[PDB]
Amino acid sequence: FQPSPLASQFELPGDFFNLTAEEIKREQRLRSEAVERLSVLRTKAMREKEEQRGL
Amino acid sequence: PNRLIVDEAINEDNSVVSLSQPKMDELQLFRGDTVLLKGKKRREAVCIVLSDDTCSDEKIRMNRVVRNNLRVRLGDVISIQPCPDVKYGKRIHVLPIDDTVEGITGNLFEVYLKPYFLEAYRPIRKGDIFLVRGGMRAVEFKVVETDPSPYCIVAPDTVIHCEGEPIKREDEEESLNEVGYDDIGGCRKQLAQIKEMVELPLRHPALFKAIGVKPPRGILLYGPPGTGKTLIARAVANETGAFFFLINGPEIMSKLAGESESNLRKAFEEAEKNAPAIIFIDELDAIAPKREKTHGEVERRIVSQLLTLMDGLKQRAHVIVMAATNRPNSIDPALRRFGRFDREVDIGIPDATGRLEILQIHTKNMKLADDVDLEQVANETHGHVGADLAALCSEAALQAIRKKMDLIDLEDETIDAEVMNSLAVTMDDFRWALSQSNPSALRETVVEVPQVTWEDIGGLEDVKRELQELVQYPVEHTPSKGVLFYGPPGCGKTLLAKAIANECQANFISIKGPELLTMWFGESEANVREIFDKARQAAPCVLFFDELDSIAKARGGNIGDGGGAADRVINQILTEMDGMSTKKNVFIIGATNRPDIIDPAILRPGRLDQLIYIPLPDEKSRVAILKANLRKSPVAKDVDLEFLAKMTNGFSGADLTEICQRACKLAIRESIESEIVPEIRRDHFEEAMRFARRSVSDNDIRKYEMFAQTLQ
Amino acid sequence: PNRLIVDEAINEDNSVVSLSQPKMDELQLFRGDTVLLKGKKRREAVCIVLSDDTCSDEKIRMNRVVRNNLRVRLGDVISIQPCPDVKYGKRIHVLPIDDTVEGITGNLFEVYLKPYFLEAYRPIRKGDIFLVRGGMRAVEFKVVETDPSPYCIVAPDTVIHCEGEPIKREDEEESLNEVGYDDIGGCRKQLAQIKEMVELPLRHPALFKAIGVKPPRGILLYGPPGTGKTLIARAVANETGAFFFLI
Ligand SMILES: Nc1ncnc2c1ncn2[C@@H]1O[C@H](COP(=O)(O)OP(=O)(O)O)[C@@H](O)[C@H]1O
Ligand SMILES: Nc1ncnc2c1ncn2[C@@H]1O[C@H](COP(=O)(O)OP(=O)(O)O)[C@@H](O)[C@H]1O
Ligand SMILES: Nc1ncnc2c1ncn2[C@@H]1O[C@H](COP(=O)(O)OP(=O)(O)O)[C@@H](O)[C@H]1O
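Residue numbers (the entry's author numbering), protein chains in the order written: chain G, 277 to 331; chain F, 23 to 499, 509 to 707, 728 to 763; chain E, 23 to 269.
Quick caveat, the hints were computed from the structure, so don't treat them as lab data. Note that the Cβ used here is the ideal one computed from N, Cα and C, for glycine as well. Just so you know, not all the hints are guaranteed correct.
With a straight-line cut-off of 30 Å between C-alpha atoms, the simulated DSS-like cross-links for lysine-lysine are [what the hints assert, rightly or not]:
id, chain 1, residue 1, chain 2, residue 2
1, E, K60, F, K426
2, F, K389, E, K217
3, F, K426, E, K81
4, E, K236, F, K190
5, F, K386, F, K425
6, F, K164, E, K236
7, F, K236, G, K301
8, F, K615, G, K301
9, F, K386, E, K217
10, G, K320, F, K651
11, G, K301, F, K62
12, G, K301, F, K386
13, F, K426, E, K45
14, E, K45, F, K425
15, F, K426, G, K320
16, F, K236, F, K565
17, E, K190, F, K426
18, F, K425, E, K231
19, G, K301, F, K336
20, F, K486, G, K325
21, E, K60, F, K425
22, F, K386, E, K231
23, E, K164, F, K426
24, F, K295, G, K301
25, G, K320, F, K565
For each label pair, taking beta carbons as the anchor points, the in silico distance ranges come out as [said to hold, decoys possible]:
id, chain 1, residue 1, chain 2, residue 2, range
26, E, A214, F, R365, 48 to 56 Å
27, F, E483, G, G330, 41 to 49 Å
28, E, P246, F, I383, 16 to 24 Å
29, F, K112, G, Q285, 16 to 24 Å
30, F, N348, E, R225, 34 to 42 Å
31, G, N294, F, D364, 32 to 40 Å
32, F, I182, E, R225, 56 to 64 Å
33, E, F265, F, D120, 46 to 54 Å
34, F, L456, E, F265, 50 to 58 Å
35, F, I590, E, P246, 52 to 60 Å
Covered, in the sense of this in silico footprint (three residues per stretch, anywhere, with C-beta under 8 Å from a C-beta of chain F), are these stretches of chain E [claimed, not checked]:
id, segment
36, 27-33
37, 183-191
Produce the entire structure from the sequences given, and follow the hints as far as they go.
Here's what the structure looks like:
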């Protein structure tokens, strides 16, 4: 294949960097869930059931 | 689409970012492809993309160097635009930044830039700033000329040039040696807790200005000195961009009446002018000591001024106040009222893993020899905090410096980079520094995940399953939040509490007789509340109260003084248990060898509702115990562990361990005498059997069996 | 080449310098030979070399008197060269320093200088300062005029004069009765620990500026009164040359 220098020339919309209510609430929910997951008292079997989902 | 939220890096390398594989599949780019990242103010950076098992599908993981070049911060969004057209460069001109090249001279290319780029094939863009570590200094460079433009890949055949004065930093650029999140080792959970509470109002202030509900106004960080209380406060401000104002007790208290309160309220006014901002007040117990401890007008009025300044935060939008103390109960309690400083975080003492991470952070700039084993160091440095590990790394460096500088003899204003490049710190230099270092946090209790696992406990197969079900059931599907163990000593009561904590990766808090007695003897039973509060802060954890009757026995046990079964401490424990919910992720375990004389309240519904008997091990368990104790040593094939177990019919697990250690000691002595045999032989176990005895009598077993049948 | 680090000596004698044998053999500088030491401001000192089993190969062990004459301090590097052609002197003129002769009288030569040079074969140079002890006083003497130059060996058959007004002390030299490390008896291990922590930050301040390591900020000395806490603090400041402020 031959790359074309023109593929790297693109200008973003001005509103690109303005995050929505769903994007901001999603991140804050994940922050609360991440702290909760670190606090959870669970056995190795429950830990593996989640980790194994990516294999 | 093609846009991700900026998150923290796992790979510290400055030329690579990590994406979740599904997004690399949508962009049809492979691991190692070069892409451009589009940031704010029409800025871009070029980097290599890889993937891992931890990056979120909708996030991009990049380190501080990449974020600084894009002038973006954690929580922002960037676009990913593959740039396969990038070719190899022919000539690149790189010059250092003045802020980091001071006191050092020599050929910076040969020491830093050459090995940094050699066979690395790092993408480079004109204007990029990057850091190269080495020689106990962190030196960063900027790219000022590229023959190809505006970016290229460095190759082994690319000419690297470096001639000219160091470059002055721009006012919008931060130094890479400023404390950030990558400089914090242990206490990751506490840092995450601060992120949840603090980053949102600072990165998204519009969410809180539109509403009449204020975010938490103050956070009190407490724990021993040198654990990162101020490091977290500064790192958060530096990562979010909020202005950081530093206050401390001595600075205000050293001032005269009027000037003191003026400076305190002036800093608050400056924070509003520079909002968003964080005000960090160190030594809170010094600026706001308990009033009943002083008669001075200055101390009382400063507390009054701080109390009103905290209340005024409902007007000073986007200003958050944090404070540091040694203990939450060493400060004027007024500050902890609803609002003000009603939120607190226990930093604690880093465990062996955290200590290793802290050492790895401090050694980032240090050249270590192959014999240096920082994990072994972290295992030996019990009771040390990050402040002490920093001193340890400094002292190890200084010892290495003296050894070489005595022979180098370079006396000038600056040091050559070449002589620093050849300076390495060996294990002998860390060993020396360890002998000179003394932990600052040796008196406080150290709480960490225990190393005892289920394979270390012989027998009790059903008890193992019971504990696993008690913890797993409330997570997989009122569940009990505690269990009492009773039975003979030396059967594994403590090991059971540790093993469940181990497998759960939970902190183990060990309370022993002497500690329960200390609280009773000194009439300081109120400290039980702090123990339970520690259990909450340490969650997930197992809160183990051993020798529950140690006080009742100290008061007479079978005879008795002015008390009976209940005492100051057990009544405080009962009180605190009623305030702990099953959702606090704390499992309370008790143990006693005399369950007939312990306040029965502990077994009443809502407390230690589970009750498990631990008998002496049977024959198959005793063999398992011997095998577990010998799992770490060479043992000859002539050793018949079943024969030994058949004889030791009345022995406890502790008694079988004594036999193993006796045979071990004999094997070692024989080896030493022969040198002046390489494995434990049957003769060593047979000799141990001549002295080892059962510690638990038949009458004691009947006492426990009758109790078990009485309660069912 | 021939540049060694200045260290402390066990032998308190003013005419003795100790070197490790491997360097004595490499430089052909053998026990009993006379050697010159090159210090600061084109100054030099002459002494007799002896061997021992405690000196490092890269170090030279000398006392305070020799370091003062060379205007050097512990931890620095000086040049060493033999001078086997040194000859014996004939006439030596020595005067006491007025700063150390006060409240006392009598014949200083017969009490101090005579037993000091009595069959000692000491190597002296014009301008050398040396200390002679006795009579519960420590009296410093200077060599002010000799027939040979710039140095010689003082033989028992030479004529030593001790007549004339005492000589004034110069501002470029320190008193040999000032507190130093040789005034500290026990707790030598503690002194070694402090020296490692303090001498280098002060002796080579550019080294800590040049290398990214934090120096110690303060040392707390604790123990019963009268053990030498204030003695160490003074000895360290006087040996390193740093400005001392007492609180
Ligand atoms: N948890 C930690 N992780 C990394 N470094 C730490 C940690 N705790 C302390 N340190 C180090 O120890 C020192 C702490 O000193 P200081 O800045 O006064 O903070 P504090 O006294 O509040 O802990 C710093 O050099 C810091 O890097
Ligand atoms: N079931 C068991 N399996 C293996 N070793 C045991 C067992 N019970 C006791 N031991 C040995 O006894 C020692 C003390 O055990 P521990 O649980 O501390 O007793 P207690 O809980 O009565 O204080 C341990 O080091 C262990 O080697
Ligand atoms: N360790 C020591 N070695 C030698 N002399 C000592 C020592 N400790 C004390 N002295 C002597 O005892 C006296 C102590 O007086 P002072 O200067 O007040 O010291 P300190 O701090 O011990 O009180 C001095 O004369 C000092 O020379």
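I want to verify a distance hint. Is the separation of the beta carbons of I590(F) and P246(E) within 52 to 60 Å? Taking Cβ atoms as reference, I590(F) and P246(E) lie about 46 Å apart, which means the hint is violated.
Is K389(F) close enough to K217(E), meaning Cα to Cα at most 30 Å? 26 Å, holds
Does the structure keep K320(G) and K565(F) at a Cα separation of 30 Å or less? Holds, at about 24 Å.
Holds or violated: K295(F) with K301(G), Cα cutoff 30 Å? 28 Å, holds
Does the Cβ-Cβ separation between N348(F) and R225(E) fall within 34 to 42 Å? 37 Å, holds
Taking 41 to 49 Å as the hint, is the beta-carbon distance of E483(F) and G330(G) inside that range? The hint (41 to 49 Å, Cβ to Cβ) is violated, given that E483(F) and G330(G) are roughly 32 Å apart.
Confirm or reject the coverage of the segment 183-191 of chain E by chain F under the rule of 3 or more residues with a beta carbon closer than 8 Å to the chain's beta carbons. Per the Cβ count (0), the hint is violated.
Between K301(G) and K336(F), is the straight-line Cα distance small enough, at 30 Å or below? 23 Å, holds
Are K190(E) and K426(F) close enough, with their CA atoms no more than 30 Å apart? Roughly 43 Å separates the two Cα atoms, so the pair is violated.
Please verify whether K301(G) and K62(F) have alpha carbons no more than 30 Å apart. Holds - the C-alpha atoms of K62(F) and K301(G) are around 22 Å apart, at most 30 Å.
Quickly compare the C-alpha distance for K236(F) and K565(F) to 30 Å and report which way the hint goes. The given pair, whose Cα atoms are some 28 Å apart, holds under the 30 Å limit.
Against the 30 Å threshold, does the CA-CA distance of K386(F) and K231(E) hold or violate the hint? 19 Å, holds
Comparing the model with each earlier hint shows violations of hints 12, 15, 17, 23, 27, 28, 32, 33, 34, 35, 36, 37; every other hint is respected.
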